[PDB]
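Student: Each chain is listed here by its residues.
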Amino acid sequence: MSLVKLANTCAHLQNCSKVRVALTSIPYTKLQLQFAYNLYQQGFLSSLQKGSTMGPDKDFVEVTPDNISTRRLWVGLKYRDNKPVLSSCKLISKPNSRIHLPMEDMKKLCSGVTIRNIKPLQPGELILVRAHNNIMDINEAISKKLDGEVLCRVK
Amino acid sequence: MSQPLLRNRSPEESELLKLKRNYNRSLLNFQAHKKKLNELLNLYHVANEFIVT
Amino acid sequence: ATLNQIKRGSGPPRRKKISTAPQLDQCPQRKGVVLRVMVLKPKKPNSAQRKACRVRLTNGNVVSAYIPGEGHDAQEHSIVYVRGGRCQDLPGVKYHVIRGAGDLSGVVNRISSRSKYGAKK
Amino acid sequence: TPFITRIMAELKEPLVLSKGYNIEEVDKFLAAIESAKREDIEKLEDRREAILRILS
Amino acid sequence: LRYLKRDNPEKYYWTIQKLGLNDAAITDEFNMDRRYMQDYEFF
Amino acid sequence: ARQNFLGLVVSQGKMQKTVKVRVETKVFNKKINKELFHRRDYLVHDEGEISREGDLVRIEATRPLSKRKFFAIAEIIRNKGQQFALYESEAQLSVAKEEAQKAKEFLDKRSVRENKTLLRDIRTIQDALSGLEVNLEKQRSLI
RNA sequence: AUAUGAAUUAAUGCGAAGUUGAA
RNA sequence: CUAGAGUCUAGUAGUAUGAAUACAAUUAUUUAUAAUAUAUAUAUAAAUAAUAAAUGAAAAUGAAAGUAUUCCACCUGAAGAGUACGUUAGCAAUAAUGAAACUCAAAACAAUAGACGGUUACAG
RNA sequence: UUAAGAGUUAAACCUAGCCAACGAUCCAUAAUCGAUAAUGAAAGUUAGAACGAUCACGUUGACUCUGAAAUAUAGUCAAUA
RNA sequence: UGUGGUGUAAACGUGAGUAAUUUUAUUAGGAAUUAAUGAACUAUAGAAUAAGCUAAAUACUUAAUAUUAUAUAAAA
RNA sequence: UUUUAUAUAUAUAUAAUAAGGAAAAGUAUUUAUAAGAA
Ligand SMILES: [Mg+2]
Ligand SMILES: [Mg+2]
Ligand SMILES: [Mg+2]
Ligand SMILES: [Mg+2]
Ligand SMILES: [Mg+2]
Ligand SMILES: [Mg+2]
Ligand SMILES: [Mg+2]
Ligand SMILES: [Mg+2]
Ligand SMILES: [Mg+2]
Ligand SMILES: [Mg+2]
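Chains as they are written, first to last, in the deposited numbering: chain A, 1 to 155; chain B, 160 to 212; chain C, 29 to 149; chain D, 73 to 111, 127 to 143; chain E, 216 to 258; chain F, 2 to 117, 123 to 135, 170 to 183.
FYI, nobody ran anything at the bench for these hints, they're computed from the structure. There may be inaccurate statements among the hints.
[Said to hold, decoys possible] Between beta-carbon pairs, the in silico distance windows are: (1) A:83 to B:170: 48 to 56 Å; (2) E:244 to A:12: 51 to 59 Å; (3) B:178 to D:100: 26 to 34 Å.
[What the hints assert, rightly or not] From the structure, some residues in chain F lie toward chain B, with a derived Cβ separation under 8 Å: (4) 41; (5) 78; (6) 172; (7) 173; (8) 175; (9) 179.
From the three backbone atoms N, C-alpha and C, an ideal C-beta is built for every residue, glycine too.
All chains, please: the whole structure from these sequences, using the hints.
Tutor: Spelled out as structure tokens, the structure:
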């Protein structure tokens with residue numbers, strides 16, 4: 001659940017996009033898995049695969065403590081019309097200053113107001129909020145009236 | 160995402176894994192024991208030539 | 029620089045405003061008495077014979093004040109009123125004597141910017 | 073500290089062998105080799136002594 | 216040994232007593248400043 | 002209700018029936034835009050002297066009990082300081098028994114070696135005439 | 001101690017046209 | 001420079017491109033291993049050089065002066081000034097901490113074209 | 001003693017503590033604040049005149065009576081004029 | 001202009017002191033778990049006696065009549 | 001891929017074999033708003 005690991009993942013995706021690599025890997029943790037799934041469902045990532053450090057898994061493998069150390073989540077990146085779909089990725093809640101917003105301030109952020117010096121939501125943008133150990137889009141978090149921590153911003 | 164990420168090992172698996180790891184460690188000890196005994200064997204073989212008297 | 033360093037005291041430099049008329053102790057003007065009237069040469073490139081006076085104020089400080097206008101009627105021990113403003117081409121005269129107050133009269137035969145020079149019409 | 077005393081005493085015991093060896097095991101191995109030939128006493132004793140002096 | 220204190224309080228005191236140390240020695244800040252050597256006559 | 006705080010005991014026994022409890026709260030610093038913690042040390046009343054340094058406790062507001070002591074110990078959330086005290090007291094002698102028997106064993110092996123020649127005996131019988173390996177074999181067999 | 005004045009006294013800022021060295 | 005010893009020892013004193021983590025396209029050399037049968041113009045790594053993208057005021061950097069995270073130290077125009085005073089240690093020397101008023105619209109950095117130099121050579 | 005806790009004040013006896021480089025103690029300065037005023041895009045910054053809320057004082061210091069509540073713009077004593 | 005009752009703890013003005021040892025701001029904050037205090041009105045009941053001293057009294061004195069601490073239980 | 005077949009010592013080397021094909025028409029409020037010059 002480290003914001004440090006998530007920040008490292010965000011920078012890794014940015015770098016992978018800038019050099020135009022089709023397939024890369026990230027740590028296989030539930031925060032990373034939920035993050036990758038939310039990016040993928042919104043069309044930012046081409047595909048998710050299970051794998052090891054060497055590469056994606058050929059056949060299905062059970063996840064146990066024996067192999068957990070070398071497990072990796074292989075994300076495939078989308079490049080459309082000679083441009084990267086996942087152009088940029090940022091962390092709103094830094095490990096120093098963590099931003100836990102109530103639902104009203106999330107509505108304000110989605111409505112264009114700057115709360116706690118957070119630049120509000122933009123049209124083509126995606127903001128992720130973790131509530132009670134589940135990652136979800138900020139719009140859905142508002143839809144479920146869930147208080148949560150705002151994590152990141154991928155544009 | 161709802162399901163647990165990893166299936167924790169049952170205690171039977173824990174015991175079996177203990178057996179494997181102890182086998183590895185004891186095998187290393189066994190090799191080292193062979194080597195020390197062989198070195199002692201060669202030392203005693205040639206100890207005729209050494210001069211203690 | 030870092031959030032803790034910012035917290036511990038570091039930050040943007042204070043855009044501090046110091047007074048350009050310190051001896052007026054945050055007053056628009058102050059009354060004063062002219063000890064002597066002195067003629068001084070400004071810093072070059074400018075060349076002139078500029079009229080200034082040494083003034084003891086009512087708060088007790090002593091200042092140097094430029095006497096504007098074509099003609100000054102100020103002698104020693106005259107009563108004057110001093111406002112802020114420095115003679116730019118003369119170092120050390122940080123104040124302006126008011127014309128039309130105390131023993132300083134309005135500029136004679138002044139017809140434009142009369143208010144600044146104490147003239148009447 | 074009693075623990076340190078015992079540990080540092082074990083080093084200075086009258087006869088303790090190095091490199092992972094102990095007197096009992098070397099004795100067993102020497103006697104075993106001596107037996108092996110079956111299927127002058129002075130020389131074998133001083134040979135043993137030289138071995139032990141080597142490993143002290 | 217500080218970590219041992221946090222993890223296993225019993226084994227920690229067992230260990231510091233066996234090795235000849237009070238909790239004060241482990242817990243406090245220590246450096247071999249020469250004043251330490253003068254205090255305990257290290258040389 | 003009466004003010005209740007959760008804290009950690011820091012100083013105990015320096016005083017009579019009084020302890021010091023470190024209390025931590027959350028506050029929003031607008032200047033740095035951070036939800037940061039703030040610390041304060043409360044002089045708290047301990048009656049019964051059931052407090053030890055390193056205990057997590059709940060302190061509750063009371064009448065003024067001294068110039069600076071307006072709180073009293075309410076509940077020991079965790080008694081880890083008491084555990085430390087007990088374990089110290091136990092260890093001081095628990096190690097001692099093991100040390101004594103260790104010394105006995107060490108001197109006993111000294112004596113056993115002191116009794117120790124058999125190369126003479128072994129040779130006399132020849133004139134008329170690995171355990172770890174077996175343990176490895178056991179481990180392999182069970183595996 | 002907080003101030004206010006002080007013979008005696010330390011340093012430095014400016015400017016006038018210059019004077020002297022060659023760092 | 002100070003003490004003890006017969007010149008030595010023991011000293012006082014403390015001057016004269018931050019660290020870590022994740023990631024980041026090539027080429028060419030080497031370098032160290034791991035192989036397979038000198039050949040696979042062998043793969044895996046680190047060192048060196050030129051790059052790409054990226055960054056930068058540029059020079060230039062180019063696996064870092066790049067993308068990100070965390071911790072610390074430091075800077076806030078020039079001069080006054082690392083000065084004065086006070087304190088801190090020191091027999092002292094010195095060191096550390098360290099201002100203020102006044103004066104000015106300056107000052108500085110990289111690079112561009114120039115004329116300049118006993119600056120270099122080279123020619124006509 | 002008080003209607004009432006408390007080294008608040010007075011008495012007695014114990015313990016050695018408490019605060020402090022996230023700045024004590026000391027010094028200088030200041031009445032404090034708002035749904036008040038000024039300003040800014042805002043965070044904030046400034047003022048505390050005016051409207052309103054709280055405190056302190058009624059030439060200076062201490063004490064006393066009354067009283068539920070006062071060291072009262074009261075009384076006594078002293079200081080200054 | 002004699003004896004008495006009520007009123008001047010308010011309001012008015014000021015910002016000296018005050019960096020908190022009692023000040024200001026805030027809390028759906030507390031207890032010691034604040035008095036047989038009503039200060040001045042409301043709604044209810046009752047009572048309003050005797051002497052003295054004042055020149056006299058609704059002035060003053062003296063006297064008459066009208067919650068807490070115990071003990072027993074009950075609960076929480 | 002999978003399943004079997006032969007051979008060899010439950011396993012190994014070889015040969016063959018592959019189940020994923022569906023069609024249908026019609027069914028605004030967008031929000032707060034930060035400029036520089038010599
Ligand atoms: Mg004041
Ligand atoms: Mg103020
Ligand atoms: Mg005031
Ligand atoms: Mg006001
Ligand atoms: Mg007014
Ligand atoms: Mg008063
Ligand atoms: Mg007056
Ligand atoms: Mg008074
Ligand atoms: Mg009043
Ligand atoms: Mg009456």
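Student: None of the hints should be skipped; say for each whether it holds.
Tutor: Hint by hint, here is what the structure shows:
no.	hint	verdict
1	A:83 to B:170: 48 to 56 Å	54 Å, holds
2	E:244 to A:12: 51 to 59 Å	39 Å, violated
3	B:178 to D:100: 26 to 34 Å	29 Å, holds
4	41	41 Å, violated
5	78	30 Å, violated
6	172	6 Å, holds
7	173	6 Å, holds
8	175	7 Å, holds
9	179	5 Å, holds
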